[PDB]
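Colleague: What follows is the residue order along each chain.
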Amino acid sequence: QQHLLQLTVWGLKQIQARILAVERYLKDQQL
Amino acid sequence: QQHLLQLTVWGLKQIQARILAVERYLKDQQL
Amino acid sequence: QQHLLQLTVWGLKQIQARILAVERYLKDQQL
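Residue numbers (UniProt numbering), protein chains in the order written: chain R, 9 to 39; chain W, 9 to 39; chain B, 9 to 39.
Wrong hints could be hidden among the right ones.
Said to hold, decoys possible - Derived DSS-like pairs (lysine-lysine); straight-line CA-CA distance at most 30 angstroms:
| hint | chain 1 | residue 1 | chain 2 | residue 2 |
| --- | --- | --- | --- | --- |
| 1 | R | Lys-35 | W | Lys-21 |
| 2 | R | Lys-21 | B | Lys-21 |
| 3 | B | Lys-35 | B | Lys-21 |
| 4 | W | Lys-21 | R | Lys-21 |
| 5 | W | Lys-35 | B | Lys-21 |
Said to hold, decoys possible - Pairwise CB distance ranges, derived in the manner of DEER restraints:
| hint | chain 1 | residue 1 | chain 2 | residue 2 | range |
| --- | --- | --- | --- | --- | --- |
| 6 | W | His-11 | R | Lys-35 | 31 to 39 angstroms |
| 7 | R | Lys-35 | B | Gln-24 | 36 to 44 angstroms |
| 8 | B | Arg-32 | W | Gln-14 | 18 to 26 angstroms |
Just so you know, these hints were derived from the structure itself, not from any lab.
C-beta: ideal position from N, C-alpha, C; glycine also.
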C-alpha cells in the first residue's frame with residue numbers, strides 16, 4: 009500500500025526539524 | 009479512536025505558528 | 009467529498025515553502 013497519512017506524519021517531522029534548526033540558528037548567531 | 013489525521017492537522021497548525029513566530033522575529037529584530 | 013488528507017498534504021507543502029523562504033532569507037541577509 010501507499011500510506012499517505014503515515015508519509016505525511018513523517019513529512020511533518022522533517023519540517024519540525026527544519027524549523028527547530030532555524031530557531032537554534034537564530035539563538036546561536038545571537039539575533 | 010486514534011484519529012491520526014485530525015492530530016496531524018493540529019500538528020500542522022503548531023508548525024505554522026512556529027514559522028510565523030520566526031517570520032515575526034526577523035521583522036522585529038530588523039534583519 | 010472533503011479530502012482532508014489531500015488538503016493536509018497541500019498545507020504541508022505551503023509550510024515547507026515558508027520555511028525555505030526563511031532559510032534563504034538568512035543566507036541572503038548573511039546572518
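Colleague: Which earlier hints can't be squared with this structure?
Modeller: 7 and 8
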